[PDB]
Every structure is written in C-alpha cells, then in structure tokens.
Amino acid sequence: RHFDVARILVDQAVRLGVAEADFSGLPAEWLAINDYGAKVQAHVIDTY
Amino acid sequence: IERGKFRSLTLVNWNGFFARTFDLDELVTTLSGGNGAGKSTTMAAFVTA
Amino acid sequence: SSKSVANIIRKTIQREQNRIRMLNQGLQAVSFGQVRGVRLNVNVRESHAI
Ligand SMILES: Nc1ncnc2c1ncn2[C@@H]1O[C@H](COP(=O)(O)OP(=O)(O)OP(=O)(O)O)[C@@H](O)[C@H]1O
Ligand SMILES: [Mg+2]
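Keeping their order, the protein sequence lines are chains C, A and B.
Residues 393 to 440 in PDB author numbering are what the first sequence spells out, letter by letter.
Residues 2 to 50 in PDB author numbering are what the second sequence spells out, letter by letter.
Residues 1236 to 1285 in PDB author numbering are what the third sequence spells out, letter by letter.
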C-alpha cells in the first residue's frame, strides 16, 4: 500500500505553501523514505 | 551494448519554471498534475531542446 | 440606394451587438484550470466602419 499512501500524502502536502529553496537553483536530493528502495525529491516547505 | 540514457531535463526561467530539473528515469517517467499544471510545457522543453 | 444599404447594415450591427452583449451576462465564472471565465467579444470592425 505504500505507494498509494505516498501519492496521497504528497497531494495533501503540496497544497500547503511552497518551498523557498526551489528558487535557489540548487537541486534537492533523493531522500530515502523506507526500505526496499523508495525515494523522494522535495525541498522543505517553508513559505505557508 | 550499454545504451546511452537521458539522465536529466532542466528548465530555466520558463512560465511556471524559474529553475527546475527533472531526473529522467531509466524506464518510465510520469508527470502528473491537474489541467494547466504545465506537463505539455515540459514535453515542449524536451522537444525544443 | 448605397446610403440606405449602409444605414440598414449599421442598424442590424447595433441590434446584434446589443443582443450579444446582453447574452454575455449569462455566464457565471466557470473554473477550468487557470481559466476563470469565458466571454464573447463583439466589436464593429474599424476596417469595415470606414
Ligand atoms: N503559449 C502560451 N501562452 C500563454 N499561456 C500558456 C501558453 N502555453 C501554455 N500556457 C498556459 O500554461 C499553463 C500550462 O499549460 P499546459 O498546456 O502546459 O498544461 P498541462 O498541464 O500540460 O495540460 P494538459 O494536462 O491539459 O495537457 C496553462 O495555464 C496554459 O494556459
Ligand atoms: Mg498539458
């Protein structure tokens, strides 16, 4: 079920403000969010 | 052997994209978003490049 | 005859402009993507007004 959760969570998270680092020109890293090899690429959401 | 691969796609100062890099997958990359999200714009980026 | 023609065209254009402009208010700000409203623009063409 993990995937069907991740998507939904992201859908809920991106409506809440933006990430200021996205204008810095510095790409974000692919942080692992579990075992088995799942990864996420997103800057911290700062400006609400 | 060892087919070359497109690793990344960068958009700079475009409508909705000041500076955005997508890491192209080795097999499948899937853009997803509501109407007007700007996916056709990304494929436009790829082709025009 | 030419004057009468021009007059009848002007009257018909004015009537149709009024009808369409009244009709335009029959729309209520549809929400589609980044499109927030749809409207019909009717304007007499200067190239034809001359
Ligand atoms: N040449 C242009 N001039 C003005 N606005 C544009 C132009 N091209 C795209 N847009 C706007 O940019 C936004 C993204 O358009 P685009 O077609 O890339 O979206 P999309 O998410 O890929 O679309 P869809 O999923 O419906 O195929 C929309 O508001 C569109 O109106
Ligand atoms: Mg599109």
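Simulated from the structure, these hints should not be mistaken for lab results.
It cannot be assumed that every hint is accurate.
[What the hints assert, rightly or not] Once the Cα atoms are required to be at most 20 Å apart in a straight line, the calculated EDC-like pairs of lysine to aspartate or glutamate come out as: (1) A/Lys6 x A/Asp26; (2) A/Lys40 x C/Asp414; (3) C/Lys431 x A/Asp24; (4) C/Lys431 x A/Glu3; (5) C/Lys431 x C/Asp396; (6) A/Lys40 x C/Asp438.
[What the hints assert, rightly or not] Distance ranges between label pairs, derived from CB positions: (7) C/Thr439 x A/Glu27: 41 to 51 Å; (8) C/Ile400 x A/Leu25: 30 to 40 Å; (9) A/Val48 x C/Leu418: 49 to 59 Å.
Idealized CB from N, CA, C, for every residue including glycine.
Output the indices of the hints that this structure fails to meet, ascending. 4, 6, 7, 8 and 9
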